[PDB]
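**Student:** The chain contents come next:
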Amino acid sequence: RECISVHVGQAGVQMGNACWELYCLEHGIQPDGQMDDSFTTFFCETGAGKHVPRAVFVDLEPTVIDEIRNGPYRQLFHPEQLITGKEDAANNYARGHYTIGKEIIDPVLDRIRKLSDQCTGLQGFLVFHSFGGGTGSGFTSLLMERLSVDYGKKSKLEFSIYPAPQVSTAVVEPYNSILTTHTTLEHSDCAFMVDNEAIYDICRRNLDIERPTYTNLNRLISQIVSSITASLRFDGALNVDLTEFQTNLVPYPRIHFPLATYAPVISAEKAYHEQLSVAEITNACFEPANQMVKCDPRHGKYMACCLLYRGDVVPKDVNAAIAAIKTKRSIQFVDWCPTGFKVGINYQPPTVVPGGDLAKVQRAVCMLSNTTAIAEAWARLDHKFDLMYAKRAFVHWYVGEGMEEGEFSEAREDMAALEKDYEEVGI
Amino acid sequence: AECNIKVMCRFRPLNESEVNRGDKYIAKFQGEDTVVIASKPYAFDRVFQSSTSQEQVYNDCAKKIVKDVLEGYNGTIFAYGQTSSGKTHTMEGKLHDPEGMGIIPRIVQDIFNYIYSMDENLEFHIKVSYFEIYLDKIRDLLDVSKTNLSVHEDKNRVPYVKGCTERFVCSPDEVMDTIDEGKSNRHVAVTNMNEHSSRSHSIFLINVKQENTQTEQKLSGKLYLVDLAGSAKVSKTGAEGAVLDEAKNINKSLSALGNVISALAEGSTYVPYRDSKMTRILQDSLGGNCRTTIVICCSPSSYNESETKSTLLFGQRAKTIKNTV
Amino acid sequence: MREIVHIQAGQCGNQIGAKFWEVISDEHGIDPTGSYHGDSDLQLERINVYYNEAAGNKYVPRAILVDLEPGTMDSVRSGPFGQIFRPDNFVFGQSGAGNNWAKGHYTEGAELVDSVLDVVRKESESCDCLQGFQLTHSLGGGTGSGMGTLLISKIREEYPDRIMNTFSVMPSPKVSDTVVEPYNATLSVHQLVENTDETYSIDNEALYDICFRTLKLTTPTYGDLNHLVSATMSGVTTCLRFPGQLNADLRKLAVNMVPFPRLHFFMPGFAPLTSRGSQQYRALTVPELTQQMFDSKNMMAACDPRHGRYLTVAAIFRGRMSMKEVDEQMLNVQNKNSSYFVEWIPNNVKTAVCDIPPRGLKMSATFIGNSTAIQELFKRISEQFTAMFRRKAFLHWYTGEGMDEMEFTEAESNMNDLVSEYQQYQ
Ligand SMILES: Nc1nc2c(ncn2[C@@H]2O[C@H](COP(=O)(O)CP(=O)(O)OP(=O)(O)O)[C@@H](O)[C@H]2O)c(=O)[nH]1
Ligand SMILES: Nc1nc2c(ncn2[C@@H]2O[C@H](COP(=O)(O)OP(=O)(O)OP(=O)(O)O)[C@@H](O)[C@H]2O)c(=O)[nH]1
Ligand SMILES: Nc1ncnc2c1ncn2[C@@H]1O[C@H](COP(=O)(O)OP(=O)(O)OP(=O)(O)O)[C@@H](O)[C@H]1O
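Here the protein sequences line up with chains B, h and R, keeping their order. Numbering (the deposited numbering) for the first sequence: 2 to 36, 52 to 443. Numbering-wise, the deposited numbering puts 195 at position 191 of the second sequence, and it's gapless, one number per residue. Numbering-wise, the deposited numbering puts 131 at position 131 of the third sequence, and it's gapless, one number per residue.
FYI, nobody ran anything at the bench for these hints, they're computed from the structure.
So the derived label-pair ranges between C-beta atoms look like this:
hint : chain 1 : residue 1 : chain 2 : residue 2 : range
1    : h       : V40       : B       : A406      : 21 to 29 Å
2    : h       : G242      : B       : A339      : 51 to 59 Å
3    : B       : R227      : R       : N337      : 22 to 30 Å
4    : R       : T219      : B       : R227      : 36 to 44 Å
5    : B       : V68       : h       : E309      : 47 to 55 Å
6    : R       : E157      : B       : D133      : 42 to 50 Å
We treat Cβ as the ideally placed atom computed from N, Cα and C, and that holds for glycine.
Extracted from the complex, chain B is given alone in its bound form:
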C-alpha cells in the first residue's frame, strides 16, 4: 500500500507545503525529518531513523520552489525532488506544453519510473494542480498523457481549482480550461473540483473569518485530501482503498467529474457550544451552500455519493442518518442509481494543526458526489468562451506559441458533446 503524488503550478505547491505539514504531524514526524505501518504509504524509511515523502514538487517558475528550499520544511523533503524550471507559462496552455514543456518533462518522466520501481505497493497517482492558470493546464495535461501510455491501468485522481461564475483571478482562464479539458476527458479516471469563491464562503458564514488568506484555504483542503486516503493509513472497521473512488463514483467512462464537500467546519469558541454528532454533519454536508462549488445541487440529480467518516463513530447512526437523507424530498436522486450510497469509517480521528484556524473535532466526514449540477457550469464556461472566441480575442498568443485555430474548434465541439451528455444521461 503506497501512492505517489505530484504538484504542478502555483496552486499545486502552495497547498502541497500546506498538506504535507498536516501529513507529518499525524505520524509524529518532526519537521527536521524524523520522529510502523501507517506512515509507509506516504513516507519511506531511509536506512535508520530517517524518512522522505513519496512525492515530487514540479513547477516551471522558480520563486515557489526555492521558497521551499529556503523555507522551514527544508530538511523534510529531498533536495533533488524540488524540481524547478527557467521560463514561466504565463497563463498559456501551449507554452508549458510544447516550447518549455519538452525541455523539462524528460527529467520528470524517468524520476517517476525509478520512484515506482523501488516501490512495490503502488496503488496509483494523484495530481494537485489548477487549470485556472498556465502551468497547471499545459504541463499537467502533458505528464498525464505520457504516463498513461506507460502505466494506463493505474488510477489518476485529479485535484483542480476551477474558476467561479463571476469571481476570477485571471482573464484568459476559459481558453486555459477549455484546452486542457480536451485531454482530461479521455485519460483522467476521476477529477475532484473546488471553486475559489465557495471556499471563501465556507470560512465566512461558519468559521466567521472575514479576512483569510490562501494559507487558510489549504488547511481545510488538506483535511479533504488526507481524509480520502485516511483509510489506507490507519485501521478502520470498514476499509476503503484508492480504487474504491473509481468504480463507485464513475457511472460512465467519460462522466468522471465528482464534487467535494466537508463538514464540520466550526471555530474554536463555537466548537465548545455546538454539539458534534452524525446527524447534524450529515444534514450539513448535503446542504447546498456548504459545498465547495457554486452549483445548485437541486437543479441536478446525484448519480452516486461516497461517504467516509473519521473518529469514534459507530456504524448504526451512519446508517440511520443516510436513511433520513433518503426520506428528504428536497433532494432528488436519479433513477439510474438509487442505492448511490457508499459509507466508510476510520478509527483515527481528524487531526489539528497547532495554531490553525480549524478547531478540534471528535468526528468528521468527507462527502464526494457526482451529479449533473455542473452541467450549467460547463455551459457557463462554454458560453463565456464563445464571447471571446467570436471576437478571436487572446488567440495571437496561443498561435504565437506553435498551435493554430484548428484545435480551438476541437475543444469547443468537445464541450458541446460533453454538455449534451450530461443532459441526456440525467433524464
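Given the structure of chain B, go ahead and fit chains h and R with the ligands onto it with the hints provided.
**Tutor:** This is chains h and R with the ligands only, laid out in the frame that chain B set:
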C-alpha cells in the same frame, strides 16, 4: 465595381502514407456546385475531384484571371489548406514536366503566348519578384545577402515591398530559370507527414506593365502568386526544435487572415489587416481592385477529418466577401 | 532565472531610469557604493534578476545608459547612486540631435548602435537565462525617440522571441515642451506598434494633475514626478524579485493584457497616493485602495476612462493581505460599472499579490490598464501632426538627413490605424 471572391475546392488522391494506414474515402461530390462531407453540404463555385489533372484545374479556375489582369485590373491567386492537402502540387507542380506543371508556369506561358497574338504596338514591360518568409523576416531568394525587407505605402496607400529583387524579363524561358532558381534555394524540411514540406509562404509577384504607342494609355497589373503552408498538428507531424519554430511562424498568417476574412464576413468596422505582415501584402487582394480567387485544398482521408471541416467553413465564409473593384 | 537587462534612451529615460535604480536599491538594501546592508535574506534571493554580483559582496546594476549628448551622463554619474553604475556602460556621443528624429535614427544613430549592441550582447551573455528587456524613453525630442526606436528594431532582429517591454512617456496638448513633438510622436509609434509586445503610456500632464489633488505638493520638481513613475516600474517586476502567494511575471501580465498583437499600449497607475499632512486620517486596508485604483484622477495618463471601456485590467499588489477582501473588491468594481467594461470578456481584472511590500508602506498596488479611451490622446497628436504636415511645415530639416516625405505619410497611415482599432472594440 463589386465582385465576389471565387471559391473553389479540390480533393486529391490518397498519398502513400494514407492508403497504407487504411483511411476511408470521405469525399462525396454533388455536381460542381457543392460537396458533401458526412451529410453536410458546402456550396462553392467549382469542386475538383481526385481524377482532375493539372491542366483541367488551370483551364477552369486561373484561365479567366489572365484576361482580367491584362485588361487593366489586378488579379490574385492563392491557396489555403492544412498539411498534405496538395497546395504545391496544385500551384507549383513539376516545373520541368509538361503535364505535372502547376499554375505558375501555366500562367506565365499564357502571358507571352497572349502577347504574340496581340498587335505589335502594345509594349509590355514585365518584371518578376520572389521572396519567402522565415522567422518573421522576408528573406530574398534571388539574392542571398539580404534576409529582411520593409513594406511601404504608395500614393493611394496600396502596400508594396521595397528593396526586393526586380528582374526585367523579356523571354518566357528566362522566367522558368528564375522560378527554378527559387526552388533550388527554397528551404525544405523533412517531417513524418510531408517530405517536401513547404514551411514558408512563396510569394511570386509579377508587376505586368503595358503601354500603347498609338493611344498613349498606360496600364499595369499586380499578379500575386502566393502558396500558403499547411497548419501542422504537432501530434501528427511531430514538430520539434527548428521545425516547431518555423511551424509557429506559418501559424501566424493562417490565423491572421482567419481574423481578417472572418471580420469581413460579418462586415466589421476596421477590418484589421495590420495584425500580421503577411496580411498586409494581401490588402489589395481582399479589399482592393484585384479579382481574387481562393482555391482551398482538402484531403479525402478521415485522419484529418476535422481539419477538412475547418477549411470547408473557411471556404464558405470567403464567398460572403466582396472586393471593391 | 529570468534576468532583465535595463536600457535607457533620451534625457528623461536616463532620469527616470536613474530614479528606477534608486528606489529599488532601498528596498533591496543596497548601498550607494554597491555593498549590501539590508536585513532580510530574501533581498539576495533574487538580486541577480537586475544586478550582477561582484567581489567584496558588491552588486553592480545591469544597466546601459545611452544618450547622444555627454552632459546627461555627467548629471547621472554625479547623482546619489551614480557611482554604482559600471563606467564601461556609460556610452554616449558628442553632438546632440536637437529634437530631430531623422538625426538619431539615420545619421547620428548609425554610428553609435554598433557601440551599444556589443555591450548589451555582453550583458545578455552574462546572465543564465534572460526573460526580456525594459526601456525608458520619451516620444518627444530626437534622442529618446530616435535612438530608442532604432535599437528596438535591432533588438527585435537579435532577440525576436524574448519579451520587449517599454515605458514610453508621450506628449500632451496643454503641456507642450517641444515644437516638433507631434512629428516625433507620429514617427515613434510606427516602431512601437509593430516591434515591442508591451508599452506603458505615461503622460506628463497627469503627472502634474496627480500631484495637486492627493499629494498636495506646493513646489513639485521633476524628481518628485520621477518618484511616481519609478515606483510603477518596480511594481510590475515584484513577484520575480520577492516571493508571493500568486506570482505574475512580465509575461504573465503580458498574455492577459495584450489581447491582440497591436493592442498593447497600457495605462499605468499607483496607490496609495496620500500627502504627509493627511496620512493619519486615512486607512490602509484593501477596499480604499481598490476604489482609488479605478478612480479617474489616479492614473498618470490624461485619458478620460469614463469616455470609453476598459479592455483588460491588471492590479499587481504588494504586502501581506487577505485574499477574500482582494477578490471580492474586484467583483463589484466590474459589476457596478458594467457600462465602462466590455461585455465580450467575462472578467477584465488580473489579480496578483506579493508578501514583501516597499519600505515605509504595508499595503500597496500598481495599476496596468488597456482601455479604448487611449485613442483620444492619439488623435490629438495626429491632428497636430496632420495640421503641421499638410503644409509640409518643419520637414526640410528631416529631408537633409535623407528621410523621405512618404515615410511621414506611412506613419500617418499607422496613426489613424491604431486609433481605429480601439474604436472597433468600443
Ligand atoms: N517626469 C519627468 N519628465 C521629464 C523629466 N525631464 C524631462 N521630462 C519630460 O520629457 C520631455 C522630453 O524628454 P527628454 O528631456 O529626455 C528630451 P531627450 O533627452 O530625449 O533629447 P535631447 O535632450 O534633445 O538630446 C521633456 O520635454 C519633459 O516633459 C524628468 O526628469 N521627469
Ligand atoms: N484555492 C486556491 N487557489 C489557488 C491557490 N494558489 C493558486 N491558486 C489558483 O491557481 C490559479 C493559477 O494557477 P497556476 O497555473 O499555478 O498559476 P501560476 O503557476 O502562477 O502560472 P504563471 O502565472 O504562468 O506563473 C490562480 O488563478 C488561483 O486562483 C491557493 O493557494 N488556493
Ligand atoms: N492532385 C494530386 N495528385 C496526385 N498526387 C498529389 C496531388 N497533390 C499532391 N500530391 C502528392 O503530394 C506530394 C507533395 O506534397 P505537398 O508538398 O503538396 O504537401 P503540402 O500540401 O504542400 O504540405 P503543406 O500543406 O504542409 O505545405 C507529391 O509527392 C504528390 O505526389
